[PDB]
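Just one chain follows, in the form deposited in one PDB entry, and it is written as structure tokens.
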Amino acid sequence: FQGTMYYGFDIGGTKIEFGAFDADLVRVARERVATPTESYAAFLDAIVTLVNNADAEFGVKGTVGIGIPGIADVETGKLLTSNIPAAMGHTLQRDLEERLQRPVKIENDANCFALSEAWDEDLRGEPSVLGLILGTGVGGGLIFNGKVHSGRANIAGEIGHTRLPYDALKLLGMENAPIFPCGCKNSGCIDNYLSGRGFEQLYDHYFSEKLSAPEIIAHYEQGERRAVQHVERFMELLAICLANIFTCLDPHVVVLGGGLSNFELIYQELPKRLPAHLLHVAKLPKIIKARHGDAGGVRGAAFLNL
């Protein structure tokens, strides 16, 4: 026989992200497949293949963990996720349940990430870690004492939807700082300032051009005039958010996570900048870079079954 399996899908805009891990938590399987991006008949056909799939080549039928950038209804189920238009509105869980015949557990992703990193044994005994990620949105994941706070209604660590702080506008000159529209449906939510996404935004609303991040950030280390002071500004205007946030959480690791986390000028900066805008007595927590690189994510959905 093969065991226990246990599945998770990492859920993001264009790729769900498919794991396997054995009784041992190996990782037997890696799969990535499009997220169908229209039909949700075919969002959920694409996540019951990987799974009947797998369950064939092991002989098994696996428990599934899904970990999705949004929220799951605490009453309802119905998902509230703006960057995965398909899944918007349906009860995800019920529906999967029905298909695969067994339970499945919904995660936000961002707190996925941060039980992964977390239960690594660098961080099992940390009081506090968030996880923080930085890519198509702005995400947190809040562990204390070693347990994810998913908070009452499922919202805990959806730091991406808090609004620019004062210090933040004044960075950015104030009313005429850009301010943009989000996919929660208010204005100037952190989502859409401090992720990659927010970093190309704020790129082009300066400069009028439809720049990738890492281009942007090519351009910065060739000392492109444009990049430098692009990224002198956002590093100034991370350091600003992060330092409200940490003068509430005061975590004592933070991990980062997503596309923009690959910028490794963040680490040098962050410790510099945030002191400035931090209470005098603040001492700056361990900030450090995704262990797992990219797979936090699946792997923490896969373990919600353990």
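Rigid core (definition): largest C-alpha set, two forms, superposition within 1.5 Å. Numbering follows the first chain given and starts at 1. Compared with the form deposited in another entry:
- No residue in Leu265, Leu278, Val48, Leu249 other than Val48 shows a CA shift of 2 angstroms or more between these two forms after fitting the rigid core.
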Contents of the next structure:
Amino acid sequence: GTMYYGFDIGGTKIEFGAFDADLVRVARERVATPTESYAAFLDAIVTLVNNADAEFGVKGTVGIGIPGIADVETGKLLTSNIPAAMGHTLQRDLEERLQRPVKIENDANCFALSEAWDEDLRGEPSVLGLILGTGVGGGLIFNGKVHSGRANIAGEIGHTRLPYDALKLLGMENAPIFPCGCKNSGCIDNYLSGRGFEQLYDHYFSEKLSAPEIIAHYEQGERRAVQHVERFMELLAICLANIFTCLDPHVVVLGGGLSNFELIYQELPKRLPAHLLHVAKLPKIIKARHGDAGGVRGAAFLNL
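And the form deposited in another entry, for comparison with the form deposited in one PDB entry?
What follows is just the one chain, with no partners and no other molecules.
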């Protein structure tokens, strides 16, 4: 009698999934995201919900994942990649049209919640999801529920500054201080992401290589790539140790392009203990399992 719907809103496509009481996906639909019209945007979502409700014979719950946030006070979307919905009160408008509550969360929160509801992680008291891509995105799950935060920006771990011990590793007053898109500076977003991995390589070795090129060189034993990787893994361990001393997560799930670098899962357990408290224990650290289905899954799971 219960169905959970999830929408993942991208700049060009809206993805839809319906999950039964056992969290098995029983419907999948994809429609175009309207480029300009808000009215068309609402219709696309309302239509999907009404059709699914007719199909499954229930009134499904509605969760939506977005590349941005809803302003916690006004309900207006801050989603620059979705011009049709930018500035609009999406939740209120959908609640009125669908006559039921609607939840809207940032895509990184949906990613973490999706991974936290994997059979292997169900019942974990806390899960931290980190996406290491062009930036660092984070999602904090406690007892299977997203912690959104006072202003819907819990998990913005990427916009915390390099800690003293990370600065020390990188040469203190000679460390590279990368400018940040948030307009602060030295945010870890610019060090631990895939882009950060690249920028650190370029800063020290004066050659602009992509992460896969660096990794391929690493595997060939090229000395510059080997030195870069050594520095990167220690830097990652120091920064995550700082984060883990505050959050002490039970499981850490990595997504984004850099989570494909398998060496991470070998090196973190070896390097974290030196930077953690003496009594600390290591979280389980794994690569994301749900991939492209993450956005829809986590959005749906907002209403569990």
